[PDB]
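S.K.: Single-letter residue listing:
Number of protein chains: 2
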Amino acid sequence: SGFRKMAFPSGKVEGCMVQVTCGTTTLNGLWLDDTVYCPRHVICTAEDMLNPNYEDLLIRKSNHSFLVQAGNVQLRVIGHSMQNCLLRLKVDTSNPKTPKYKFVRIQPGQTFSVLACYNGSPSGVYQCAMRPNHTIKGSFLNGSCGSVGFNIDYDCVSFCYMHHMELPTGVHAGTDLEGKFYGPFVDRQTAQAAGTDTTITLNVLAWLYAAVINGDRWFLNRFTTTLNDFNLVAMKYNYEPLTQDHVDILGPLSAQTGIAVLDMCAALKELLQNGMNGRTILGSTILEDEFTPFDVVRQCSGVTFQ
Amino acid sequence: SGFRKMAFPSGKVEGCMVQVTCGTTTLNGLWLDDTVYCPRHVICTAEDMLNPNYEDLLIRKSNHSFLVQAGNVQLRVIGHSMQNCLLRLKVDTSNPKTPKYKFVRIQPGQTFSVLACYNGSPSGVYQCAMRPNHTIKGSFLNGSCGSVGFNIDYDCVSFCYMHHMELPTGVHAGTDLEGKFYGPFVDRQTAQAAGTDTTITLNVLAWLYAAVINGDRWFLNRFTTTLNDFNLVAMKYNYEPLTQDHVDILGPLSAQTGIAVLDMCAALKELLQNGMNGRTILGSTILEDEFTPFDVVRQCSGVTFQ
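Just so you know, the protein sequences line up as chains A and A', in that order. A prime marks a further copy of an entry chain. Heads up, the first sequence is in the entry's author numbering, so the first residue is 1 and it goes up one at a time. Heads up, the second sequence is in the entry's author numbering, so the first residue is 1 and it goes up one at a time.
Treat the hints loosely; a few may be bogus.
The list makes no distinction among identical chains, and a pair is therefore deemed to hold if it is satisfied within one copy or across any two copies.
Stated by the list, open to error - Below are the EDC-like pairs computed for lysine to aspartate or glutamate, each with C-alpha atoms no more than 20 Å apart in a straight line:
(1) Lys102 to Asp33
(2) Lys269 to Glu55
(3) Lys61 to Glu47
(4) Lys137 to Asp153
(5) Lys100 to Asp176
(6) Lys97 to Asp155
(7) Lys90 to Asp263
(8) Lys137 to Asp216
(9) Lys269 to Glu178
(10) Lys100 to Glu14
(11) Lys90 to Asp155
(12) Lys97 to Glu55
(13) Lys137 to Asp229
(14) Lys61 to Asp155
(15) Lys97 to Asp263
(16) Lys61 to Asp245
(17) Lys100 to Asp229
It should be emphasised that the hints constitute simulated quantities derived from the structure, not laboratory data.
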């Protein structure tokens, strides 16, 4: 029993974290095999960042412009290229702690674990959702750039995020592990702000199923809804429209609990319209949207508390 | 910026997790040097658990009654003893992944990271507070016993918790790493229930300081309070009494923000009396009590958003 935001165990990722220094900027890099991945803005000074030309700034660097430290070991750079918003530094040593890994580009609403690092040393681990507006609400201080996001699938690390910036509202932006930003953001100092966000409907529904699985049924009702009628309420409350694909995804959870998706949608519609009446769901006084249907299946018992 | 429940990176602990089997029960053990620590109730069947005599059940076992698996390696038991509610199995191999570690007995209100494990394989990591009533609100399923709690201090793992049971309300109980239970709980099937709990005042106050450090001042007021007058409100709202020791502990945070502890207590007293008025603090609609003053200093910037 119980239900907590749970991160993946971070060990496999810890063994890949390094420090990258160029001139006067230090941040974190990812060391897999003989390559270290890091944000390209490591080559920028305080003024370059205002209107940088990375092609022009980079041609001016050599292999020995880059200092890479794995623990108390210095790694020799023997090659370098830029891949979108990432630098790739080929190093003379292949990482003996390299896990089986993939690079994946995560979709909005999906979750991942973040290993927050400073100076190449892991300091903390927490679970995040990629928001509909392509930001994450992380916890990052100066020197956290190059910290990675990931999921773990058996023994395989699926890297999905590298941290690049904080936006005006204190939320975070970054790239996948090919250097392509999530969202319309760029790696330079601009007026860029997070677009407006919405609540991840599918995740709220997933989390209501988790509450039932864990033994709580108080929020259910005798009603049902059509997709279209639910979606009218959803837009009034700044929830994402529910789609038939989302209904399909909730299938396994629907079957485990014996509650039809659209019946659960009527429950949600009622919760949205009537509030929660001083009551809690899975210990929470609000409707939580940072657990996927997958996170619920991962964490909950396969058998429900009927 | 941002503020999240953050666990310690779990790698150092992952390398110590094993599977322990006795007869038909499997659970997790902790492998440090040449010793594997696990709950003693691993020797109990489904009926022993109702009125077990562990001294009597244990004398009936040999070294080869115990099967220990580290990954795909079997470890040979060459000794065994009971220490309070723990078994200690001496093994023929010393763990090469043993970190610098200590065993510590944590106090109520203190936090720690939990590495949830099943069959000796880490599955998740999350942050927990030891409640005033000596339980934790973890997330554990069957086979999670022997999963450990810990803090990390530089390179040193301070182990503080080993998981033994779930109580009637779905909250969790266990021991320190000497086998002494937190709380009045025992390792047998009884009517035992969690005593009534209270909110950890010192932690709520710590978290209000974090909110100010992160830039938010809306909940402050022009008032101050005496300890004694705050404590009258505290008992009406089932908060722990504030003590002068707790005021002293909040010193560093008080100095960083320029807000006197007792002035912050007046703010809290007002929040308790008036509610929060549809507003949020650090993204939360409720007063959070699972961050210590230490957790706030660890996570927040040393410089406040004035």
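S.K.: Each hint needs a verdict: does it hold in this structure or not?
M.R.: A quick look at each hint next to the structure:
Proximity of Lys102 and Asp33 under a CA criterion of 20 Å is satisfied intra-copy only: 13 Å inside one chain copy versus 34 Å between copies. When the C-alpha separation of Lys269 and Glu55 is checked against a cutoff of 20 Å, the pair qualifies neither within a copy, at 52 Å, nor between copies, at 57 Å. Proximity of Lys61 and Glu47 under a CA criterion of 20 Å is satisfied intra-copy only: 17 Å inside one chain copy versus 72 Å between copies. In this assembly of identical chains, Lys137 and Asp153 lie within 20 Å of each other by CA distance neither inside one copy nor across copies; the values are 23 Å within and 26 Å between.
Taking the shortest alpha-carbon separations for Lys100 and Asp176, only the intra-copy value of 18 Å comes in at or below 20 Å, while the best inter-copy value is 35 Å. Within a single copy, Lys97 and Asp155 get their C-alpha atoms as close as 13 Å, and across copies as close as 18 Å, so both meet the 20 Å cut-off. When the C-alpha separation of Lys90 and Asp263 is checked against a cutoff of 20 Å, the pair qualifies neither within a copy, at 55 Å, nor between copies, at 55 Å. Taking CA atoms no more than 20 Å apart as the test, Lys137 paired with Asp216 passes between copies only; the shortest distance there is 17 Å, against 29 Å inside one copy.
Taking CA atoms no more than 20 Å apart as the test, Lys269 paired with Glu178 passes in neither setting, with 40 Å inside one copy and 51 Å between copies. Proximity of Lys100 to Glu14 under the C-alpha cut-off of 20 Å is found in both arrangements, the shortest distances being 14 Å within a copy and 17 Å between copies. Proximity of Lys90 and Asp155 under a CA criterion of 20 Å is satisfied in neither setting, with 25 Å inside one chain copy and 29 Å between copies. When the C-alpha separation of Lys97 and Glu55 is checked against a cutoff of 20 Å, the pair qualifies neither within a copy, at 32 Å, nor between copies, at 44 Å.
Taking CA atoms no more than 20 Å apart as the test, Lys137 paired with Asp229 passes in neither setting, with 31 Å inside one copy and 38 Å between copies. In this assembly of identical chains, the alpha carbons of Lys61 and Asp155 never lie at most 20 Å apart, being 37 Å within a copy and 35 Å across copies at closest. Within a single copy, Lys97 and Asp263 get their C-alpha atoms no closer than 48 Å, and across copies no closer than 51 Å, so neither meets the 20 Å cut-off. Taking identical chains as interchangeable, the C-alpha atoms of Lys61 and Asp245 are never at most 20 Å apart, the minima being 49 Å within one chain and 56 Å between chains.
With identical chains, the CA atoms of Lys100 and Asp229 are never at most 20 Å apart, being 46 Å at best within one copy and 59 Å at best between copies.
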